[PDB]
Each structure stands twice: as C-alpha cells, then as structure tokens.
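Novice: Listed below, chain by chain, are the residues.
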Amino acid sequence: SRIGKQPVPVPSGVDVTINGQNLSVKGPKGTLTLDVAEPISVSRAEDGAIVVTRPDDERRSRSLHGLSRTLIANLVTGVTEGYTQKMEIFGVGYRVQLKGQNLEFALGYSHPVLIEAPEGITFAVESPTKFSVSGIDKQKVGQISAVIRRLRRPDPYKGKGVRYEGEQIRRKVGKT
Amino acid sequence: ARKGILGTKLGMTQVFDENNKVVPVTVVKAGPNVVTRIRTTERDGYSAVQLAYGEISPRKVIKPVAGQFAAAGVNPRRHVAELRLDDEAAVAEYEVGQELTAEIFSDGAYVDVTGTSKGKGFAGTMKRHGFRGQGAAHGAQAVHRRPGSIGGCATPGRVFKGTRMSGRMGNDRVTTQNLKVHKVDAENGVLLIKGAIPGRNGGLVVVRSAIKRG
Amino acid sequence: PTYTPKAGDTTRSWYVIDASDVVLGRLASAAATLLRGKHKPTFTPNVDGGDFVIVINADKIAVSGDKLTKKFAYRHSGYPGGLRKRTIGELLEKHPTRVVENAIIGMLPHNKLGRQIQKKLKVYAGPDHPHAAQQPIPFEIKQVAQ
Amino acid sequence: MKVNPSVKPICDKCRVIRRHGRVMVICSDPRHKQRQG
RNA sequence: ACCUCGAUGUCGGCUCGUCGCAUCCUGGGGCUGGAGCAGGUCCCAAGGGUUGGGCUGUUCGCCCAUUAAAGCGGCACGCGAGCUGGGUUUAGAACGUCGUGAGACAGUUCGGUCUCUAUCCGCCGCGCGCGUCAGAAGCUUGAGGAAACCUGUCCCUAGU
RNA sequence: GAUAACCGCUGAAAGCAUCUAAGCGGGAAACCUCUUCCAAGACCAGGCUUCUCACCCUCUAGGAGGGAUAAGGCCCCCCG
Ligand SMILES: [Mg+2]
Ligand SMILES: [Mg+2]
Ligand SMILES: [Mg+2]
Ligand SMILES: [Mg+2]
Ligand SMILES: [Mg+2]
Ligand SMILES: [Mg+2]
Ligand SMILES: [Mg+2]
Ligand SMILES: [Mg+2]
Ligand SMILES: [Mg+2]
Ligand SMILES: [Mg+2]
Ligand SMILES: [Mg+2]
Ligand SMILES: [Mg+2]
Ligand SMILES: [Mg+2]
Ligand SMILES: [Mg+2]
Ligand SMILES: [Mg+2]
Ligand SMILES: [Mg+2]
Ligand SMILES: [Mg+2]
Ligand SMILES: [Mg+2]
Ligand SMILES: [Mg+2]
Ligand SMILES: [Mg+2]
Ligand SMILES: [Mg+2]
Ligand SMILES: [Mg+2]
Ligand SMILES: [Mg+2]
Ligand SMILES: [Mg+2]
Ligand SMILES: [Mg+2]
Ligand SMILES: [Mg+2]
Ligand SMILES: [Mg+2]
Ligand SMILES: [Mg+2]
Ligand SMILES: [Mg+2]
Ligand SMILES: [Mg+2]
Ligand SMILES: [Mg+2]
Ligand SMILES: [Mg+2]
Ligand SMILES: [Mg+2]
Ligand SMILES: [Zn+2]
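In order, the protein sequences belong to chains A, B, C and D.
Residues in the first sequence are numbered consecutively from 1, following my numbering.
Residues in the second sequence are numbered consecutively from 177, following my numbering.
Residues in the third sequence are numbered consecutively from 391, following my numbering.
Residues in the fourth sequence are numbered consecutively from 537, following my numbering.
Do not rely on the hints blindly, as some may be mistaken.
[Said to hold, decoys possible] Below 25 Å or equal to it, Euclidean Cα-Cα: the simulated DMTMM-like pairs (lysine to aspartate or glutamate) are: (1) A:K160 to D:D565; (2) C:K430 to C:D456; (3) D:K549 to A:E165; (4) C:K484 to B:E218; (5) C:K450 to A:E165.
Quick caveat, the hints were computed from the structure, so don't treat them as lab data.
Construct the complete structure from the given sequences, taking the supplied hints into account.
Specialist: Below, the structure is given as structure tokens:
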C-alpha cells in the first residue's frame, strides 16, 4: 500500500539491470538476482530510484505491491551492506568452535554436532559463547540462523542453549 | 561393483575356526565361468553381463545356442545366466571371453546365494502355511488337519483373493542373504559358505556379493 | 435409405495435437471427439471410423485449480486392501503420458468398439513422435461461434 | 495447544489469524496457542 | 413389523481371517500446576506386534505370573454344506413353589442322534488350445502385483 | 524422495505484526523408491540375439486346398 508506494533508493556505487520482469543488483559485497511479480510493475526512475507501482487496488495487486517493494529493498541492501546475525550461547559446557569453514557446537550431547555453512554464508565465531553468521541474502542468513537456534529444546528453567543476540527468552522456574 | 558367479551346490559339512568353534558350511563348486555377452544401455537398455557355466557335449547343443556361442567365440556351456550390474563403469572390466573364478571372493566376504528350493509336492495348509491344526480329541470330527473357515457370511460373500490354501509347494527361487564365505579354496575352485543354501545337491546356484552387507 | 458404410468406405486421417499449456479436459474432450469420428458427416455409431490422433508434449498439460496435489488416480489390485492412489502430481513425472490418455479413455464409450477406438491414440510426452511417415497435420483446438 | 471448534483471544496479547485455511489464535504466551479442528 | 414361517440353524469356544481407527505398545509432536526420573492432556500416525494359566458353561468378570503392550470395534452380535456341543429349546426323572387336578415355573438338578458324492460364482494349485503377421531357441526389460516390516535387556556416554 | 502434526525463514494486504497471501526450508514405524518373489494374454501382447531360411501337386491362376520337409519339438523308451 503505502510502503509499496515509495521507490527504493539506489546508491551511487550500485548498478541495476532490468530485463522483462527480471532484475539484478550489483554492489561492493556481491551480486544478486530477483524476479518481480506479474501484475506489479517495476520501473527504473533514472533520477535515482526504482519505482514499484500497482495498476489497481485489487487485493491481489494491493498485496503484491508492498511484497515486491520489500523484495527489491532487501535485494539492494543485501548487495550493498550485507546481512549479519549475532547469536550467543548459554550454559556451562555449551561451546562453539570452527573446523575449516564449518562451525561446531558442543552443547552437552553425548556427541558433538557441527553445521556446514552453505553457499554465500560465512560463519565467524568471535568468542566460544558469541558467534555470527553473515551473507549476501537476507532470507538465507535468517534461515540458517533459525536452524542453528533450534539445536536444543527450549529451556525455560536454566536457559541453556543457543539464543539470538537481542532475544530475551521467557523462563519459568520449577518448584525444585 | 556387485560381483557374482555361477556354481553348483556340492553338499555341506563342518569346519572349526581358529577359536575352536564348529562352523556349518555348504560347499559350492564355483567352477569356471566364461562371459559370453555384455548388456549395455546403449544397445540393450540396461547394464548386465551374461556368463555361462557348466560342461556339456557339443552333440547336445541345439543349433541356435551353438550359434549364439560361436558369435561369442566360446565353447558352449550347459547353463547361461546374467548378473544385473548398475552402471557402465561396472561393466567396463568385463569383456566377452574372459574368465572369472572363486578368487573373485575372499575370506569374510558376505554373499547372497540364490538357488531354487526343494520340491514339497502338493502340500496342505499345516505344512505349507504353518496352520494350527485342530484338536486330536474332545470330539473333533474328521477335521484334524483341515483349514476350517475361509471367509464370512454373505458379506463379502466371497473368499478374498490371497487366502492361504493348499497346493503345490517348493521349487521356487530363494535368495539367502548375508551368508559369510568361510573360506575360498582357490586352487580347487571351491568356496565354503557358513550356513545353508537352497536347492538339492548338484543344483545350480548364483553366488553374488551382498548388497545389505557389502 | 439412410447411408451406412460399406467395406471400403472408411478413410483415416492423422492428426497431431500439441498439448503445451492446454487444459487437460479440453484437450481430452477434443481428442475423444476426433478419435470417435464425430466430426465426419459419414458418422455412424455402429462403425469405428474415427481418425488417428497423436498428442505431443503430454508433459506440458495444464491442470487448473489445485489438482496437482489433491486429485487422485485410484487402482485396485483385487486383493484385500489392494487400493493404491497416485496424485496427478506424482503421475506427471513418474510417467506422464497415461495422465493425458487416462482422460481420453474416460470419454470414449466403454464397449468393445471403444477398445478398438483406443488403438488410434498415440500419446507422447516429448515434443517429437516417430510417425512422420504418415504426414500428421497439426490440429488446433477450435470453437465454432453461434 | 488447544484444538477445538471454537477459538477465541483469551487475553489481550492474543490475536486471531487464518493460516493455511485454519483459524488460529496466536499469543506471546505459549499456553494460549490454539487452533480450530 | 419392511423380506424370510412349501425352513434365513440359535450362545460360547476352535480354525481361519479380513477391514476401521475412536492408538494398547512401538514412531513424531504442542501445552503443563513439565527441574530430572516419571507423568497429565491434546494433536499426528493403522507398518508390525498385542502371553500363558486358576475360578466359571461361560461372554462378561475376579484373580496368578509375566510383558514394550496384554486396544476397542464392524464383517448374519464374521466363520456349524469348516469343527465342537458345555449353554439354550422336545420327549425320562426328582426337589422347591403354584394348582383340587391334568399340569406349570425368564426356579434348580441328573440324562439326552449335530445329515449332505460341490453344479455355478469365489479362492488355492496344475495343465490343454489359440494369439502376440514366417517357423523355432537362448538370455532378458520390466508396467502391474504379492511378501516383509515387531521388540526387550545390559553396558559406555554417565553416577554426567 | 514427497509429507502429517508440529517447527520455521523471508514477508505484503494493514507504515508495526503474522509460517502464506508471492516464494524457501526442516519434519514419523504411515505413502513413494529401497529388500525378496511373481510378472509381456502388459491386446501398446515388449527387447537383445541365434538357427532354418526351403519343395512339390491340385482346384483354376485369383486365392485357396493338400502334401513332403528344414531348424525345432512331441510321443515311445531309461529315470529323478
Ligand atoms: Mg495338534
Ligand atoms: Mg463322521
Ligand atoms: Mg477321528
Ligand atoms: Mg454357513
Ligand atoms: Mg459379494
Ligand atoms: Mg472454550
Ligand atoms: Mg403396517
Ligand atoms: Mg420377498
Ligand atoms: Mg420363517
Ligand atoms: Mg423353496
Ligand atoms: Mg434351505
Ligand atoms: Mg426355499
Ligand atoms: Mg474372520
Ligand atoms: Mg487419530
Ligand atoms: Mg492406532
Ligand atoms: Mg508418543
Ligand atoms: Mg506430551
Ligand atoms: Mg512401509
Ligand atoms: Mg470350573
Ligand atoms: Mg476383529
Ligand atoms: Mg455369529
Ligand atoms: Mg462378529
Ligand atoms: Mg456354528
Ligand atoms: Mg453341524
Ligand atoms: Mg447338553
Ligand atoms: Mg418331563
Ligand atoms: Mg397341593
Ligand atoms: Mg514396478
Ligand atoms: Mg516487515
Ligand atoms: Mg503480519
Ligand atoms: Mg492384468
Ligand atoms: Mg516374446
Ligand atoms: Mg521337431
Ligand atoms: Zn494470550
């Protein structure tokens, strides 16, 4: 609606390519490609913007308007600044290390566990408790972050496990 | 790749391992096989190797079979079978003419043995299907070995194809799998397998590598 | 009186129907129409006098709505509990051709003549067929206005 | 998570949605999670 | 009171099954007044499994030793041209009760004939004929089916 | 491999929010391959290949009928 009504800034260092309904964004961090919805229109406003416009107010286009706008914005920001996630550990003996490009968790299982960072994503531990996951894609970073997050059951008693950075877990205490 | 060989079931005996434990063995003559044909996806639609086992007089060979062996270049044999392979890289090492013996296998190798089981004739449901019999006393009237109920009343009103009844038993392909090759007598062309093998003595068996325990 | 065909009266034509982005029911209904011979003024319900039909690109058939996951094809093996179901989805990449032909078989008559009529149907999942020797003329799914 | 024919926003932190064809009430409180069935 | 009184055999057990899921076990979960151990409740899940005895004609049920568990149901309360015959429902006799009596009792007790050479469909096996555009033979691909699938204890991990 | 319940990611309509509306994932003894066996009368009656690949007569020359054969098989015979 209103969010889908304003164009996306494009910086002086990032170049865009439009062909058919497909487009691509290229910036310092990497490159990205994206496809735009059918009823929606995407235009290169040469005065420094990419305008996403809905021909009508039908619920389908009314819905795809902001969706496509946010997709284009995420594409551009991911190619310029990248997407990073900070994520912490809690508990005694719950530890994190590296192995090649993979990141290994020792969270109290009778065996270690370890995650292989897929394409376009680089893990980076900065402390045995604190590690980060970064990538060119906002959706991939979030998905692999969520995959990491759920390697332990939720702990409302001691909180032990893999929490996000800014996340405040709910915690209820058993009577003993 | 899944190696295999054709042979005969000589009989069965016992051996003692190094730790002095008796091991029942079936003895198989995994005598020489010549490969007579290659099957390839480019030509036949699948990858397989056709190989021939046995000793037979050329007087007893029918002219089509003798001609199929001449096109191969090998003397006719009694039995011909083939191994299903998986890919072409597997059949790269088989060439029409070459040999394979019991030395394809080794000690500890798990093999699958395919044979054809002994004939049990026309068998009843107790022998054939392990039915519980019926009482030998307490009044049972001429039903001491009969199946009894074969369905329900008027619904469905029929007897459900697949009902276990009595008829010819035995004489079927059987694969016994994960059987340990205790020892290959390489020089004598024999191999000793821990356990039992389907079929009668002097019957054709196919000893293949194991897929579950390869 | 009314015309009935004699022995050498039936002439057969070869039609190739492209199935790329066509509705399954529309394609099958038309193919059944010119497989039974309903487009010939010499039609007679007694005689199998239709035409040969090739269906090309049976992969690319279009199924509307949400039938690629919740429409089923049921078969029964005759044994108790011997019923198996495959969706249109699974059937489109396991082996696709029968999907199209399934529909056509359901719109031919279910008699002996229908068995004879089926033999003129040649469904191919690919864009090409081996019957170039019979000069199959392309057939377009047309509607007559009124 | 209740599965009942009738779902309602038990508290003011709850909110009702339709997800994948089902009416659901979703709250920050795990006890209030609730869907129709 | 709709078919069956020119006959649709009636309980329980045996043999053999077959299907549902409203899940007993095993498998996946959400919420807990869930610390762990173990539970409660709801959701998903029907592949396989789901014991032997005593008491009773027993179903039901009570109990004994187990078990991962000893699920609930439909199929003429599945199954007697497959079995049994303890129950129930002839004729004998007796007790109690009713009746003047003959007799009677959703009262009890003892005894008490379970017929059939399978025509057709169905099912389990086995052949003979023709077909698959000449007549034969060897090896095969597989569309399509059928079978199978259960589970415990101990020990490391960790007296963490 | 595709999923059930369930868990999500990125996300508008509805400036924040939401597993969904566009898209992307995890996910069970259930389903599909997988293991074993039957299987081309699978009438779309299949594939690879080998063998024989010939010899006359009649009816009236168009087709049919009869016969002798090959490769092969069947019976008879000795058995399992
Ligand atoms: Mg007995
Ligand atoms: Mg008798
Ligand atoms: Mg007797
Ligand atoms: Mg009966
Ligand atoms: Mg019936
Ligand atoms: Mg309520
Ligand atoms: Mg009346
Ligand atoms: Mg009547
Ligand atoms: Mg009556
Ligand atoms: Mg009568
Ligand atoms: Mg009668
Ligand atoms: Mg009658
Ligand atoms: Mg039954
Ligand atoms: Mg349920
Ligand atoms: Mg259940
Ligand atoms: Mg459970
Ligand atoms: Mg629970
Ligand atoms: Mg299964
Ligand atoms: Mg007793
Ligand atoms: Mg039952
Ligand atoms: Mg009954
Ligand atoms: Mg019953
Ligand atoms: Mg009975
Ligand atoms: Mg009887
Ligand atoms: Mg009695
Ligand atoms: Mg009396
Ligand atoms: Mg008196
Ligand atoms: Mg198959
Ligand atoms: Mg947003
Ligand atoms: Mg939202
Ligand atoms: Mg069939
Ligand atoms: Mg054939
Ligand atoms: Mg012959
Ligand atoms: Zn709430």
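Novice: None of the hints should be skipped; say for each whether it holds.
Specialist: Tested hints:
1. A:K160 to D:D565: holds, 20 Å
2. C:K430 to C:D456: violated, 36 Å
3. D:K549 to A:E165: holds, 24 Å
4. C:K484 to B:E218: holds, 22 Å
5. C:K450 to A:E165: violated, 48 Å
When each numbered hint is compared with the structure, violations occur for hints 2 and 5.
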